[PDB]
Structures are given as structure tokens and as C-alpha cells.
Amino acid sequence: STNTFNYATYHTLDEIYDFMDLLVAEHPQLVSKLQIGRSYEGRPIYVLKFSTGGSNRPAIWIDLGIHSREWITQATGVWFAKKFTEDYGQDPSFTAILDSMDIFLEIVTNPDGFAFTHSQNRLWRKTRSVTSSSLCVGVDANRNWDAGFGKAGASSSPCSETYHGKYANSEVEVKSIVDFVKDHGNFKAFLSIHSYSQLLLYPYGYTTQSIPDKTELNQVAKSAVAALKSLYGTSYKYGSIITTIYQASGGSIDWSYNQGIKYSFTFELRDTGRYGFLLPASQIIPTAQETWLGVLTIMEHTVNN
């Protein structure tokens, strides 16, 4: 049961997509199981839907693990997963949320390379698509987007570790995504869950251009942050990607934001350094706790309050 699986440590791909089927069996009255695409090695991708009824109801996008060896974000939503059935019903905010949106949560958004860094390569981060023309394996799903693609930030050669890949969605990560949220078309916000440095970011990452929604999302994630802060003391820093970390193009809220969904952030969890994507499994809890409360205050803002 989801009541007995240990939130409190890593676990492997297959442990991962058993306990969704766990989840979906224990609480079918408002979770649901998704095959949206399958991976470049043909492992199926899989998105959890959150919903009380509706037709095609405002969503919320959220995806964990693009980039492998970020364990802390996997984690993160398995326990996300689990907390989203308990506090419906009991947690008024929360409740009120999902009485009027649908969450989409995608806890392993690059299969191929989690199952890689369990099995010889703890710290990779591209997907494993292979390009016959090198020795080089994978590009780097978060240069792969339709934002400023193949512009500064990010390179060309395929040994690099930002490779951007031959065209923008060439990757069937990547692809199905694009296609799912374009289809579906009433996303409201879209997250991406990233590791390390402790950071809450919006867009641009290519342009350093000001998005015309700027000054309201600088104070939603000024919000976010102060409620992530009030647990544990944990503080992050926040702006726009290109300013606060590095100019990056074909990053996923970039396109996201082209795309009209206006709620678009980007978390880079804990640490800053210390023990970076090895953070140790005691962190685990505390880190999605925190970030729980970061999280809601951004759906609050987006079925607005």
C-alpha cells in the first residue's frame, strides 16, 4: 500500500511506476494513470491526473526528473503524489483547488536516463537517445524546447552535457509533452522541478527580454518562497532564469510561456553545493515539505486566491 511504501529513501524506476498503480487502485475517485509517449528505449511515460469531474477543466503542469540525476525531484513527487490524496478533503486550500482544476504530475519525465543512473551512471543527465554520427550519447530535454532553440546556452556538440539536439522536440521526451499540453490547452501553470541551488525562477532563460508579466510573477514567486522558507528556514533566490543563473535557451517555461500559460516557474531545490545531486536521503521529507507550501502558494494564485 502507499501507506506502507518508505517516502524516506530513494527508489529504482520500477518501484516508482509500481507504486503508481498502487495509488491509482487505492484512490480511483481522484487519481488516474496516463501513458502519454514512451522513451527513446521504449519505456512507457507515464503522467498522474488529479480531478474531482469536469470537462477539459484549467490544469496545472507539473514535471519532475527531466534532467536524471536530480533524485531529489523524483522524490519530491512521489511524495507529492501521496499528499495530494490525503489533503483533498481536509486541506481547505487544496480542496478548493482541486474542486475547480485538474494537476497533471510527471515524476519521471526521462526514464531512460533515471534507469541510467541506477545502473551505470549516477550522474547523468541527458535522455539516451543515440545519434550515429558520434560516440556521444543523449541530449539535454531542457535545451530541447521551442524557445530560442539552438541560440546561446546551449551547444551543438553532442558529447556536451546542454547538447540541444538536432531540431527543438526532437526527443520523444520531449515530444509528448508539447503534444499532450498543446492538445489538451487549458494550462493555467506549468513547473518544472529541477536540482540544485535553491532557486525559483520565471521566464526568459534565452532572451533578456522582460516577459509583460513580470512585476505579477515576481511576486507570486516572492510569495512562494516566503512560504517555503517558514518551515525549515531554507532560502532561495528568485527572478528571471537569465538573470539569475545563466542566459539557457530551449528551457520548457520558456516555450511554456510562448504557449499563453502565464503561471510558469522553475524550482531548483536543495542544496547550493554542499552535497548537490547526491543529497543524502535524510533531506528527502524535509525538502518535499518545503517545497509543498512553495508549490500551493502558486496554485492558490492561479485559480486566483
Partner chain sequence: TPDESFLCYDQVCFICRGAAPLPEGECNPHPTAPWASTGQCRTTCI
Given for the second form:
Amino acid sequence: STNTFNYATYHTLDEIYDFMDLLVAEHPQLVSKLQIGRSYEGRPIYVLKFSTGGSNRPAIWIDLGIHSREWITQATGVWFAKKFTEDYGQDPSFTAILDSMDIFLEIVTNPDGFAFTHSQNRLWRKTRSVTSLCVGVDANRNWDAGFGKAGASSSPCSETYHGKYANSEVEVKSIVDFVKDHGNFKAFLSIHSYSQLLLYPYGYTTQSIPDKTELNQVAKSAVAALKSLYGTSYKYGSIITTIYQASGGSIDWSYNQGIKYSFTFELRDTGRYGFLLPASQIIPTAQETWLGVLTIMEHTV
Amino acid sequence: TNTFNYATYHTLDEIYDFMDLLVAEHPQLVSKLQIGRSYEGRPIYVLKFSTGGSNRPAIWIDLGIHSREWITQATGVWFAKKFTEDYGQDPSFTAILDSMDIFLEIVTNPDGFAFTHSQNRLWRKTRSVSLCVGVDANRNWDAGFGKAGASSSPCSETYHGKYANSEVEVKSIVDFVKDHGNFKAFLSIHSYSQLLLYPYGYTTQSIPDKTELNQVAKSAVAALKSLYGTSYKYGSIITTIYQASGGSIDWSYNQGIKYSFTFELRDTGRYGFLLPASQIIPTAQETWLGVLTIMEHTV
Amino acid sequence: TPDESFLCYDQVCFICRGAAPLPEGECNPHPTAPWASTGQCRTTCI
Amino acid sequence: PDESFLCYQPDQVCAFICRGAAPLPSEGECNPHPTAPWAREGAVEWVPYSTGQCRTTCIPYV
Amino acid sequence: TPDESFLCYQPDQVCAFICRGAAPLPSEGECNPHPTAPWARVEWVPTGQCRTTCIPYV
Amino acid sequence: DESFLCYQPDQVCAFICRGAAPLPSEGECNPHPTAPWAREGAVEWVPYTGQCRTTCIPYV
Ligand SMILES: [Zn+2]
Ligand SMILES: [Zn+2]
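Can you swap the form deposited without its partner chain for the form deposited with its partner chain bound?
Let us now look at the entire complex, which starts with that chain.
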């Protein structure tokens, strides 16, 4: 049961994949599992779809675990999935959203990296492609948005290696093809750790997005809502001004596709534990982030 | 006390029965001292945690001076159990209790606490009388008594009373602590705001021990935060919440009790005083870490 | 006739002009909550 | 110049940060007082106030 | 937002003002913040707005 | 105040300098306004022909 599932611990890929199956079996009219592709090493890439009908309704995309070592993100994804099924028909705001929109939740965007963090190197970031002294590509530098520009490395050995060309990584290409084929995504949320930030485009350029005022207003609200729970401070602003320059990133890509409500979360913490955030902070992180994610979804609807 | 539900808010009778259970189970470690009777005749109880000695250097912890701050009485109940669970298991806490005594007053304001269960969940003051009832027990201490940050109005929430120690709930502690004469730490537990504060509340004048208490506060907060990520700020009362004259830790500090701190527990105002029962254990656990840190630096 | 604020304890919710919230829950006079799981009402009398 | 105040009321404390104004007598017992973190965080929105403007935020006694 | 009361002295009348986001002009006398005059306790007229009532001197 | 983001294989280091600039050993350094994490973290001036204060984060 997803009721006896331990949300207050970190899970392996198999456990997360089994959880997806449990949750689908328990809520078959709300959630379905979609295979959107296979990872470099041949692991299925799965998206949970949350829907109450319609055909290709306006959708919210949420990706997590694109960088595999950011374990708080996948753990938050698991929590989010359960929360969706717990809150639908109980919370009026979230029921309203789901009554008009679909949610697509990719808990583990980089399954090879994730398996590698459990098997070999807890602090592995990249995919595991060898397109082999220096394995893998930064899946968040691989998107076709300012690809190759400052904030990504042309060196295979560096952590922000962009790869040979945009979409070279099946893990990224799979999302690109899915979102484009769908055509009706209204929000696109990428979930990372750490820093405690809420970011909007761009990372690749100092140019301001045409929707700066609105996205800044949405970020301000979501951060207030997040903070209201446990008093966690977040900062918000464009990627380039608020963390660093990052080219070929997902939300720059999503935004340039016309997905206006494009945001990147950097979850807890600010560096004490960093990627090794304790399991005891999973639930509080997911609970407060949920408030921020919900806030954005309400603004979308 | 093993079958006792720590994840739920208790009435005063439940808490007082709990104390008898704990004394029964741990007779060589904990004793129940009665330090006075409240305005309405309720006994005022302090739990003594000790492994012997005579007049051993002591730590004072008080909770529920302001009755509506229910997280505090609930945390104090959990603390009491925790002390008995961790003595002889945790090396650091064992070292503390082998050298020091701990005095824990779980319900510092029993009349107000009774009132919050029966008439007004958001009552703060004592119940002494006057249509307008009660005195702010944390404005009643003899430390800048009557100065700014207390009210001379009986109807207002920070009413300081007619004179310092006018409230038996305050005088009972003053008498006890002064008679003892060997307290090294004095911790008052409030809610809410997520704050760890040191003197003074009544004056903008810095304490001579500012640097050290600030360092102690910093460690405590870092320790507390590690469990659930609960974000605290720290600093003097007057700079970090507001001016508050006649307060407990300003009094204790002026008695020469150096490690005098006030905790403001969860949350930051979402549920405020009405913190849900689900957060009792999580709060108690993280607050213990902060408290143990201060105790370790005290030893 | 001035504004009187209350705090009522599923959720926590009141600013009234000439009335008080009826047993709306366990209600007591209290300053207006800062935000005005387990939601939150912003209500208004009369 | 920005001046700040703590106003002590019967049930709450309210922070004021003011430009070309000071809290009105209706705000309670107002003391000039350095701004605290909770005040700094909550008093965000300027509103026209007297012949100037203030940002304000309150907490109950805790 | 909140109303501020003023009492004004002119050689020929005393005027009470309750203002929101404004204060009496210099032309309205020696005006200073002061409780509402007991006889002042309707028409808001004008940076903001003041209502005002006067009593004569003789 | 002259500020930089220096992009290394494993981390990004912010530099706020006076009378100096980040040396070649600090990696790929771009003139860049300071981000909040850089202001939070870069608190201690160090000798560096002048001085810099610096702080780093891993790629997140
Ligand atoms: Zn209190
Ligand atoms: Zn990342």
C-alpha cells in the first residue's frame, strides 16, 4: 500500500517504480503511468499522469531528479504523487485545478544517474551516456535553448558538459518529444536542489523575458506560500541573476516553446547538508514546496 | 508513560497524573516537588531530575507561563519522558545529569491552562483578580518591572500586575530559585515565532555575556534545525521580538544565572498558538536538541 | 461600531462589526491572524 | 529618511516603518524602535499614511 | 488608510478636521494634530481627503 | 564593486574584488552581478594586488 509506504526515507529506483505501480493500482481513474522513453542504459523513463478526463487538457509538467544526486527532489516527487491522490476531492483549489487540467509528474528524469547514486557514487550529477573516461552529460545543459553558450562546458569531464548537440540525451529528448507532441502544457516546473530558490527564465542570457513582471509576481506569491508553513526563506528571480548562468536548461527551453509558467525550484537546503539533506527533512521540504507548487498551479488555472 | 499519547494535547489533570506515573517508574531519578498553589488553588509542580548530590548546579526549564501556548506544555511532557529515556543511554545527557540537576516546570500557569481548556483557548494571563482578569506572568518579574513593554492596564495582555512577584506562579519560582541558589541555566519556553532569545527585553543595553550567549544560541539553533530544518533566528529579546519588561530571563540573568534563554517554538504564525497536535513530537524533538546544546555548554 | 477580530479553531478562520462568530468553531477574540495542511478562512461580519 | 516604531496595543504589537509620517494615536503606545526581523519581513507594502506613508505588520504577544 | 484628527485656530473660527492621507492646508489656520473636537463628532471633500466642521468666535 | 562568477568543472565560485580580479587558476570567470547566495556566503576579505571575498557552490 502507498499508505504504509515510508515517505520519510530515501528510496531506490525499483522502490519508486513499484510505488508508481501501487499508486496507479489504487487510483486507476486518477493516475496512469506513461513510458515516454528509455534511458541510455535502457531503463524505462516513466511519467505519472494525473487526470479526471478530457483529451489532452491544459497540463502542468513537473520534472524531478534530472540531476541524480539531488535526492530530495525524487523523494519530494514520491510525496507529491501521493499528495495529489490524497487531496483531489478534498482540497477545493487542487480539485478545481485537476477538474480542468492534467498534471504530469516525472519523479526520476535521469534513471541511470539515480541508479548510479545508489550503486556507485552518491554525488553523481550527470546522465550515464558514453557517446567513457569522462562519463555522462549534464541533462540540464542539453536542451535546445542557448545550447553551448556560457554556463555550459564543452568538456566531457566537467559537471555542466552540454553534450555533442542539443537533445543528444534520450532522457531530455523524451521530454521534448512528449511535451511537443502534447502541445498543451501551460506550466513547466523543474525541481532541483539545493539553494532554496524559485527561478524563472532565462539562465542562458541576461535578456529579460517578456513576462518578467507576471512570473516575478507568481514567484513572489509561491515563495510567500512556501514560507508560510515552516518559515523557510526562499529567494526568486531569473536563473542568471539568482544562481548563475546556465545554458541549455529546461525552463529556458519550455519558456521559448511558449510555456509561459516556466519555473525551476531549488529545494532545501543552503549548503549545510546540501545534497545529503537528512531523510527527516523529506516530508517538511515536500509539504512546504507543495504550497509553492500549488500557488503556481492556481495562477495557471 | 510508555502507553501515554505524546502526540496529543492534554488537560491539566492528564499532565499531573503523567507526572505521578513518571515518578513511580523512575523513583531514583525523578521527584515531584510542589512549589506553591496557584491563585485558584491548583498545585504548582516542578519535576526534579537528579542522580544525587546536595545543591548540585542546576538547570531550570519553565513552560506554559502563557497558557495558550499549548505546544510548550506538550513539549514539557515529552521532555520529561525523554530525560528518563536518555539518562544512562546518551553519553552527553548522562554526563549532564551526573553533574547537574534539572528542574522542569511543565505548567507554570495552571489557572490560565485550565481556562484555555474550558473557556478561552487563547487566554494568556494568570486568572488573578476587577472584571478584567489576570496578570501577564512574564511581565511580573522584578527586572525592569513597569518599564516599557508592559502595561499598567488590567485589561491589556501585558498587564504587569500591582507589583513585582504579585503573582504566586511567579513568586513561587523566584522563592525556589533564590533559595536553591545554585542555578546555572534558566530556560523559559514560549510560542510562537521560531526564536531563541537572550537578555534583555527591558533595556537596549547589551548584557556583558552577549558574545558568548550569542555563540551558544547559534549552536543551539543549528542543532535544532538539523532534524526537520526548522528555521530559528536568535538575538536579544528587545532587538529580536519586542520590548518586554519584567520578564523571566531578564530576572534570572540579573540573579547571576548566565545561561538564561527564552525559546519561541513553532510556528511562524500559520497556526500560531493553535499548532496542530501532529507537530507536538516533531517540535519537542528538535527543541530538545537546542536545549541539550545549551545544557552541554552549561556543564 | 468598530472592528472586532476573532480566531476560530479542519481549519483556522473573523473580523466583525457589531456581531461575533457563532460556535463557526471554537472562537475567541484575538488579533487578526497574519495570513488574513489544514486550511485558512478569511471571513467578515456582519 | 525611514523611521521605525513599535506600537504596543492591548492584544498585539505592530511595527511601523514610516516616510514623512509617524504612527497615529490610534496605533497604541508607539516607541521609536529598531526594526526586528519579523517586522522587516512582514512590513512590506507602503500605504499612504497621514501626509506620508508607512509599512506595517503585527504579531500577538507571544 | 487611517483617519487623523486636527484642530485649527483661525481668528474667526475653530475648525476640526478628520483627514485620510492628507492634512489641513496652511490657509486653514494654525492646525495641529489633536483629538476630534466634541462638537465635531460628514462630507469628505477634496493627496487625500479631509472632512471638517467649524464653530465661530465672536 | 567588481564581481565575477568563476565556472569550474565541479563548482561556481563568486568573486567580489577590490584592486584585483580572479586569477587564471579560478577557472572560467565572467563579469557578473552578485547573486544572493554570493552575498550571503562571500563575507571575509582575503589578500589576493588587492583583496577579494569569495564563496562557492556546487552545480545544483
Ligand atoms: Zn509567551
Ligand atoms: Zn540540479
